[PDB]
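> For reference, the chains in residue letters:
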Amino acid sequence: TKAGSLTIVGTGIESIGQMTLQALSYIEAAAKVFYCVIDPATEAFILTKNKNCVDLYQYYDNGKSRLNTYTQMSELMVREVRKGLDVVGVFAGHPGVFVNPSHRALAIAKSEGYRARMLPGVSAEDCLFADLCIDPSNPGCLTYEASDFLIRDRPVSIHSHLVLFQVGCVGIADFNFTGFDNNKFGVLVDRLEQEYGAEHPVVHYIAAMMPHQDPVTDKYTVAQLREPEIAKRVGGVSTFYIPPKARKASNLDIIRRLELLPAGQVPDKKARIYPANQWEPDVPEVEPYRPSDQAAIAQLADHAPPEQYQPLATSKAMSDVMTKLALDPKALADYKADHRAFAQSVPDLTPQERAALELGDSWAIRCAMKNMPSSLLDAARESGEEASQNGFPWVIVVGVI
Amino acid sequence: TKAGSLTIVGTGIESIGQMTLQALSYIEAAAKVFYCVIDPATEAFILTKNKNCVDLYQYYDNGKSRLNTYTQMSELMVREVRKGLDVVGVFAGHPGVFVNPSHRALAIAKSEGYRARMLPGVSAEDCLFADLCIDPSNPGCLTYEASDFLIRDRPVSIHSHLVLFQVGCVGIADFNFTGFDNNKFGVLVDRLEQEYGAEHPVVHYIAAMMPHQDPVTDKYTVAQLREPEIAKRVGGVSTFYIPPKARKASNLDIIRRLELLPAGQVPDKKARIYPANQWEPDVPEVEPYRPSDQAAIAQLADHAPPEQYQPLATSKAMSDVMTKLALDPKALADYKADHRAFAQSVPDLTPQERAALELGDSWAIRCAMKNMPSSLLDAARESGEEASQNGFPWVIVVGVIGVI
Ligand SMILES: C[S@@+](CC[C@H](N)C(=O)[O-])C[C@H]1O[C@@H](n2cnc3c(N)ncnc32)[C@H](O)[C@@H]1O
Ligand SMILES: C[S@@+](CC[C@H](N)C(=O)[O-])C[C@H]1O[C@@H](n2cnc3c(N)ncnc32)[C@H](O)[C@@H]1O
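Chains D and E, in that order, are what the protein sequence lines are.
Counting in the working numbering, the first sequence runs from 1 upward without gaps.
Counting in the working numbering, the second sequence runs from 1001 upward without gaps.
The reader is advised that the hints may include incorrect statements.
[Unchecked claim] Cross-link-like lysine-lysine pairs, in silico, DSSO-like; alpha carbons within 27 Å at most:
1. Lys1269/E to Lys64/D
2. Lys248/D to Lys1245/E
3. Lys370/D to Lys1049/E
4. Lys184/D to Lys1248/E
5. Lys248/D to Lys1184/E
[To be verified] A few chain D residues that don't get close to chain E, going by computed Cβ distances all over 10 Å:
6. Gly197
7. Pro201
8. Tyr220
9. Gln265
10. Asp268
11. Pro281
12. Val283
13. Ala341
14. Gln344
15. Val346
Because the hints were derived from the structure by calculation, they are not lab data.
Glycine residues also receive a C-beta, built at the ideal position from the N, C-alpha and C atoms.
Isolated chain D (complex conformation):
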């Protein structure tokens, strides 16, 4: 309903490959691209994909306040939005994770009535989970900016994951082309010593930024971070992962109210699902092949799909259109403008496929692309009111479930 749009997208952390297909598609479709990325291969890639790019990094300077820079970056984007253009902003990682100017620009554009969207990307924390072989679900995850962690005295949980961004320049972090002096690093180490003890592990993590490099996953004690040669390794792309120090016990009241007792008691609080977190101090070895695991594996020989399983049964024409809607922003905009008129223009759809697309309905799309068996709908009819998507994947964190 008004000309002009702002879409902010991420590149991910590792050069080129961690960009999403949709982020690429918006970069190619844009009238104007504004980017801020440290990696030159990623910068070069972006410039091959759009003819009208501006490097936002040129608005930093020595002794020029970051906030003034962020104001300038956002204003450069919003000015093009105001002139009626489809503008794309590009930042490293996930563009809304530990980033100032993306949020500012989107809020401004939205407040003046323009279309404004952030697209998610792969963050440094996403990379951390992948490279350290941890899951934030087990046993929960606290994530802070290191200076904020200190200044606001943010609480830690010794029973959960802790991730600290921006450990490489605690306190004042004035822009400087020839680098930070992390002269207040000891204030962070002090806090870590108070919370965890001098012998507790801290993992220095740096995701590889090129496809070929290995990640830095260096474990140190809190005490070792005081050594000058170790402290010097922590720079502007360093993140700290602090593993839990202990395992939290279960709450008897909740166990009862959730009916997890079979007139009997749960797994011991250290009776872990394989694999254990390898960074956790004094982590005991967990057996991957218990008798129950071996029995489950034995059943694979006799396995067939359950009668309620819904095999995919689609067509080239339908997969092509669903792919086009995900990868062509213009096609998506058109479809959202008028489901019918779009659905009518698509070649080679069956009547069901056309109808489902026209209708705007997840269930219709599912039926069009999956063979739904009688035993599923008979069970969905005999119990309840109407059928929908069910049978969800689900992480088990507590041993009982």
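Please build the complex by placing chain E with the ligands on the supplied structure of chain D, with the hints as guidance.
Relative to chain D, chain E with the ligands alone:
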């Protein structure tokens, strides 16, 4: 050296478009693909990219324990790894975020001496930050699985973001094709009432799973979650976001030790950097264009890049090879095996480009791809240290920083 590998990748949350370029490239290059995705368009897309796919979802069944299913899913992948094949596992979102079988399979493969890697993807939490317009950095973020949150009595912080996954089946969540019965949801609501009060907002979040659908971003009070017509909207793809109830003050000792002085007038604890979190209750309106913002904008007219700014200055041949290494897993494997032989096979590189690639050094690559000015290297050489990457982007969360 040992034959066989396992790479586990994500699809992201929204159909197709949230898969990474590298996830796609590994799916295409794999000898065998094992996938577990709910979205049929994503399943169809995967099947068009590799000829040898297996749907892991078929190993679920009614009243069959999920742990047994996960054991089976892992074992199917690891069997093909032990046979010396390049195997790819595909799960929704980020394949290591709230997922059991990926971690099991990788840990087994790795313990038996096979190459094993997880590639990150876009999670439902990444989607949540983007759709709710929040930054986990401001003012920190706590993330839990809902049943674990309750059973282990995990702490909340009323001053930070809280994100809860799997709110649609609190407690026993046995597999059922016709869906969960969320009859213990009240146990979660009681906990939220105790921690936050009955009138505090909870945001029911469901990311759009078709490119065209819109996100669900519905704000309710904790009390409203007890209404049957509201509680029934919560399902298997629901996540809750609970915004902070208050702003935390600064610590005077830390202010001093970090030298964020003088006078005793740091920014007030509610003096926010624009924009404010719109979900936070009684959030005061923040001014986007303060006098200093207007002055910064006035300087745009006379702006030129500083002396130390490094323009990109590369070639078609160099951007091509760097792109190939990011997008072609075979090409990358060759390059890592022998930098020199790979770099000498590459057509049309200049001597420096060739040389930088032979070395495998971030800094050599940067010099080959950017024009480094004298002002920058004269500053590095005056220090007595070789130049490296500096001038990092940095989020400002504490308002005192940025005022200095
Ligand atoms: C201003 S933030 C930007 C984060 C980015 N938007 C993201 O999605 O992660 C900079 C901080 O992110 C983290 N970071 C950036 N690159 C990284 C890397 N290669 N490895 C580990 N952490 C990184 C560090 O904590 C760094 O100080
Ligand atoms: C087994 S987990 C898997 C998460 C996935 N690996 C990821 O990266 O987010 C399932 C939970 O993820 C969250 N989730 C999955 N799809 C979602 C969506 N479309 N919107 C919001 N949350 C979602 C919900 O909390 C759901 O209960």
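> Checking against the hints above, which ones are violated?
Per hint list: zero violations.
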